[PDB]
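A.B. asks: Residue-level listing of the chains:
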Amino acid sequence: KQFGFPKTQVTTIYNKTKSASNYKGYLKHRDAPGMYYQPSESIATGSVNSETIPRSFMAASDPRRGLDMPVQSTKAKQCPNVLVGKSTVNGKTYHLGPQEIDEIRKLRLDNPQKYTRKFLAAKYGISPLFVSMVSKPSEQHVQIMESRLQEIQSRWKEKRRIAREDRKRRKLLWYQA
Amino acid sequence: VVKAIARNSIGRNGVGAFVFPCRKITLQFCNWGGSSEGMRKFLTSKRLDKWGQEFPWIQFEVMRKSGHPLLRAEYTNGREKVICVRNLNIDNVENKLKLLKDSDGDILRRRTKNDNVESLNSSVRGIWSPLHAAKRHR
Amino acid sequence: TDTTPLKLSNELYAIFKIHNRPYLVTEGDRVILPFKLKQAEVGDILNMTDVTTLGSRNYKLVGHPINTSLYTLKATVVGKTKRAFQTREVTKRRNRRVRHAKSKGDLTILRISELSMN
Amino acid sequence: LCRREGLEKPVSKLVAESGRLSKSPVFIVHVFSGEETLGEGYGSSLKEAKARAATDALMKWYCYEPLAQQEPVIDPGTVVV
Amino acid sequence: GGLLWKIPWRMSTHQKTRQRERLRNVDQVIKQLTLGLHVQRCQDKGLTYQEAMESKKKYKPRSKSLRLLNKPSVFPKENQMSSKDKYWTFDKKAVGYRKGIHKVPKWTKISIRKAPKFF
Amino acid sequence: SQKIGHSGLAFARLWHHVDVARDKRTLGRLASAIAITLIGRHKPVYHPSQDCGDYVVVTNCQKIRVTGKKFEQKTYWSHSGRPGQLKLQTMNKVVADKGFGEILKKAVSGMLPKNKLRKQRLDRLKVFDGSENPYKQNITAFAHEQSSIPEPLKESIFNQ
RNA sequence: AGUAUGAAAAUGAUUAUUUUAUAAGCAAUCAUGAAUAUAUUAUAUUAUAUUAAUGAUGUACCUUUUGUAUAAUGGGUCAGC
RNA sequence: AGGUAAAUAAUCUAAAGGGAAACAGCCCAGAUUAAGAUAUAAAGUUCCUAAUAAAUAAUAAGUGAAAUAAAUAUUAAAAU
RNA sequence: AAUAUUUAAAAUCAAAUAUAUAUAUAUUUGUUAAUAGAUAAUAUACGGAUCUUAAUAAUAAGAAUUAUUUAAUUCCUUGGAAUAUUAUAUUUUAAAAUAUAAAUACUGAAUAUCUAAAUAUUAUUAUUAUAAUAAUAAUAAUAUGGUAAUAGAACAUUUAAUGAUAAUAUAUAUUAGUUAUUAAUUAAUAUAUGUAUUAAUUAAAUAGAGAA
Ligand SMILES: [Mg+2]
Ligand SMILES: [Mg+2]
Ligand SMILES: [Mg+2]
Ligand SMILES: [Mg+2]
Ligand SMILES: [Mg+2]
Ligand SMILES: [Mg+2]
Ligand SMILES: [Mg+2]
Ligand SMILES: [Mg+2]
Ligand SMILES: [Mg+2]
Ligand SMILES: [Mg+2]
Ligand SMILES: [Mg+2]
Ligand SMILES: [Mg+2]
Ligand SMILES: [Mg+2]
Ligand SMILES: [Mg+2]
Ligand SMILES: [Mg+2]
Ligand SMILES: [Mg+2]
Ligand SMILES: [Mg+2]
Ligand SMILES: [Mg+2]
Ligand SMILES: [Mg+2]
Ligand SMILES: [Mg+2]
Ligand SMILES: [Mg+2]
Ligand SMILES: [Mg+2]
Ligand SMILES: [Mg+2]
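Chains as they are written, first to last, in the authors' numbering: chain a, 19 to 195; chain 4, 2 to 139; chain N, 44 to 161; chain 5, 310 to 390; chain c, 13 to 131; chain H, 2 to 161.
None of these hints come from the bench; they were simulated from the model.
The beta-carbon is built from N, C-alpha and C at its ideal position, and this holds for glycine as well.
Treat the hints with care, since some could be wrong.
Chain 5 residues, not near chain H, derived (Cβ > 12 Å throughout) [what the hints assert, rightly or not]:
id: 1; residue: 310
id: 2; residue: 311
id: 3; residue: 317
id: 4; residue: 342
id: 5; residue: 351
id: 6; residue: 363
id: 7; residue: 375
id: 8; residue: 378
id: 9; residue: 386
Subject to a maximum C-alpha distance of 30 Å in a straight line, what follows is the list of computed DSS-like cross-link-like pairs (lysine-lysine) [claimed, not checked]:
id: 10; chain 1: 4; residue 1: 51; chain 2: N; residue 2: 81
id: 11; chain 1: 4; residue 1: 136; chain 2: H; residue 2: 106
id: 12; chain 1: H; residue 1: 127; chain 2: 5; residue 2: 332
id: 13; chain 1: a; residue 1: 42; chain 2: 4; residue 2: 136
id: 14; chain 1: N; residue 1: 81; chain 2: 4; residue 2: 42
id: 15; chain 1: a; residue 1: 34; chain 2: H; residue 2: 99
id: 16; chain 1: H; residue 1: 137; chain 2: a; residue 2: 95
id: 17; chain 1: N; residue 1: 145; chain 2: a; residue 2: 46
id: 18; chain 1: a; residue 1: 177; chain 2: H; residue 2: 117
id: 19; chain 1: H; residue 1: 127; chain 2: 5; residue 2: 356
id: 20; chain 1: N; residue 1: 50; chain 2: 4; residue 2: 99
id: 21; chain 1: 5; residue 1: 318; chain 2: H; residue 2: 155
id: 22; chain 1: N; residue 1: 147; chain 2: 4; residue 2: 82
id: 23; chain 1: c; residue 1: 18; chain 2: N; residue 2: 135
id: 24; chain 1: a; residue 1: 34; chain 2: H; residue 2: 88
id: 25; chain 1: 4; residue 1: 99; chain 2: N; residue 2: 135
id: 26; chain 1: N; residue 1: 135; chain 2: a; residue 2: 42
id: 27; chain 1: c; residue 1: 18; chain 2: H; residue 2: 120
id: 28; chain 1: N; residue 1: 79; chain 2: 4; residue 2: 114
id: 29; chain 1: H; residue 1: 99; chain 2: a; residue 2: 177
id: 30; chain 1: N; residue 1: 145; chain 2: 4; residue 2: 99
id: 31; chain 1: 4; residue 1: 136; chain 2: H; residue 2: 99
id: 32; chain 1: H; residue 1: 99; chain 2: H; residue 2: 88
id: 33; chain 1: N; residue 1: 60; chain 2: 4; residue 2: 99
id: 34; chain 1: N; residue 1: 60; chain 2: a; residue 2: 25
Please construct the entire structure, taking both the sequences and the accompanying hints into account.
C.D. replies: Pasting the structure below:
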């Protein structure tokens, strides 16, 4: 706490629980002249505001670093992990040498149906993503998979295709900010 | 990975340099036609010169046509007001001209109660959220 | 009055009052006053004086009217104009006389050019 | 970005949640690096919320606007993933 | 009585408070009238306004109606008045010989403080 | 200017629990409190033209407070249209038929505004005579609240 | 009952846009989402126009009467007189 | 008697607006046109429905909660 | 405890105000409740929901009835002062101390003010050209609901007198703009016409139709 301003809710003269939308009550409410701390009643998702940016992303010579406004209201100890990879929970491992990688690559080209990504991962104690990064399958297998996917898509009704399109649009919208 | 979305800027006339909305006014009259008397008198009588001296960013065209006397303004946004000044005296014509020069060119429009400010800017405080409110509901 | 957080903040709003009518604004905002301004012509600049509240995202200075020294708030008069012409009809319930109440109120478009902590 | 700077690995965590098992839930997740939160992300799904928190963090990184009083900030290039 | 003049026989709390306020206002008006007269008389004798306001001996009004209004036996103050006389008129044709003041026409303007001694 | 931003969270339908066993309000006062929530008057983004009210899950509704002798006197009416078919049921009878939750719902219905959205608002109210209910898992919760609750109870709830 | 002409209306069918199959009353007005159309200054986070999401208010008109939503008078609609 | 006959005042008649559930005549108040910041009137402030918090007593009859039903009876309560 | 009345502030006492004033005189105020009695015909009918609170246990409810009141509570003279409350900040060890604020209850009309616009009158100005005038614009004030009725001022339509102009024009129609707008004007589009008895001033009228 750098600043010791008095803090205020966004106060109505009326009952806020019954008349939150009534602007008139807000207009009526006068408060004594001076500086206040009105903490925002909002998530800081779309905001480029300087009171919203974290201190690590502020520059070293920024005066705003010292001021207490990027408030750490939440606590990482209390919050549980969401869609977190197994590498993040128990650390990244760089154990597999070149020979092992070469063997994996050989296996994958030979028989991707038998030696699938998940199986490789289980064998070598490593991620399916890493297996993918390491090794391409036989392009034939990929083509087959694409054809299967196309067949599945064709098997849809009109409605399902539209829903999938909507989902895709939503996904695109998520990454806009 | 990051990609741009092609987007264009919005001009706020006032904030940097104010470009005056009224760009051109056309005084139209008739030599015949008794409805154009006050317009003719205005054109004659040293008021137009004074006006032009006052407002050198507006150009003042003076045209002759057979019909009723006309005051057509021309604004920065591209819209055109045209006021017919038929049978108006000199002073009424001058008032009409003043009204025209005052106008920002935009179309006339019904406003609802307290529809005062028109912002392009995102809210300084955020938008309210029930999870992030100060007083939690019950 | 330690006005340092307001001064620092990139975003900043004001709640200036013209004739006790509050208008919440940022820079670039386009105020539409519901009357004919006589004092200022089009192009003239208005230095706002009765500024009630000056707010960041999390702080706000409040005064009645905040010290003129602490801030700037320049509006520009960007067109006197009018509302759309309306004619509501006034009449009683078994009376053929129907008085037309014509109406076309005046407007003054301001634009908030400057708003900053001095 | 976190790797490049002197920051701990970012992990996303549920801050608040409501309406799970509904048409339109609300999941608030925060991408923490250590105890510091970088980005806050709301969403209908958990995945969406996580994505939004990451996008918010990136916005805060990039669209950081320093004061005129500060000495010039020359960035260290775009985050080449 | 087919037409329905739905007026309640008694007043609400809020109505009673308003009535009380109105009564208080008329007393205040009377006080102001007497005070101004006193001030004027002090000025005539030859004191300043402030001096007149300060004065220990306040002059009582010489005109009749004002003097009657000043008397509490004739025209009582709201604080003096009974609960009953604030909210109930005398009506000889009513049962109880009493009627709500709100039932009087133009009761908001018309004043009626004093009821008979035993009615 | 104030309106401009991401409004999705403001218009989010939250889920509000009320354990009637804990709540000390009488029936009608509780119903009135619920009605506001259902309408969405509590939230400042509200507008009369838009339905933007939250879900309300009521639970342990058997322990609802009713003053006086209303439980054995208060009569709930009904009528089809055919004369001589006025159906008058006392509160206790109604409870026996359906439950204390039905009673609460009726109160809440009467509290609500009479228009096309009323039915929707009434639907959003989810009442339960006892404790166990399906919406257990979707009441609004926070990470800071988790320390108060014991460890295995949370797991049991999640399983349920 | 002249001759030309005739996007005058009432009226019918059809197409387009838009709303409408859990909602109740002069069918409008005001608030207010959405969809569509037009726009050689939409630079847009744009403007106008059309349209019974949703909300609020709203007891046809005239005559004659102390007084009419009246279940009092009179009018099927439009055109000409 | 929402009766009839006149006396005085007001409103309606010819007066829209707020209140009185709905309302020619009651309680406020008189629409030149808008605007909507401030004072308000009568009437209201759990929700429907714009707006509320208290104090001291009494009621337990849903009495009552904006349209007060009588003699009388029973049960209490004070004072003498 | 018992019997019998009364339900009262007239007397009486208590409290408050006003005249000489530690007292006297005069005035003002303060004296029950519940139930039963109880009652018809489309359907419960406070406008409807619903309203009498409850420790454990809530950062939280406890008439939404009746009666007397207040605008946090108590003294002093609308006002100040003190008191605790509530909220907040700071300092110290969830508590204590210090200090800042809130105490102007609020809603509410087409009431009044403010904010602008219009007309009319009264009184002052300014500008421009019975100039002691006219037009336009300021300021201050007052006024502007209206049936029967009275008075004043306009517009559309058709004819007569006078009368430039022209297919780059005129007229009529549709759509969208403009002017405080029954009207006219701008643009686009359509069809006609080698063209307004056109603008304007007068004169007049088979001069305006949801009401027979
Ligand atoms: Mg309310
Ligand atoms: Mg009429
Ligand atoms: Mg009549
Ligand atoms: Mg439907
Ligand atoms: Mg129907
Ligand atoms: Mg009928
Ligand atoms: Mg009829
Ligand atoms: Mg008929
Ligand atoms: Mg009679
Ligand atoms: Mg008559
Ligand atoms: Mg009336
Ligand atoms: Mg009159
Ligand atoms: Mg008047
Ligand atoms: Mg009852
Ligand atoms: Mg009743
Ligand atoms: Mg006595
Ligand atoms: Mg009945
Ligand atoms: Mg009621
Ligand atoms: Mg007025
Ligand atoms: Mg008149
Ligand atoms: Mg005729
Ligand atoms: Mg006709
Ligand atoms: Mg007509």
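A.B. asks: Provide an ascending list of the numbers of those earlier hints which the structure does not satisfy.
C.D. replies: Hints 5, 15, 17, 20, 24, 25, 26, 27, 29, 31 not satisfied by this model.
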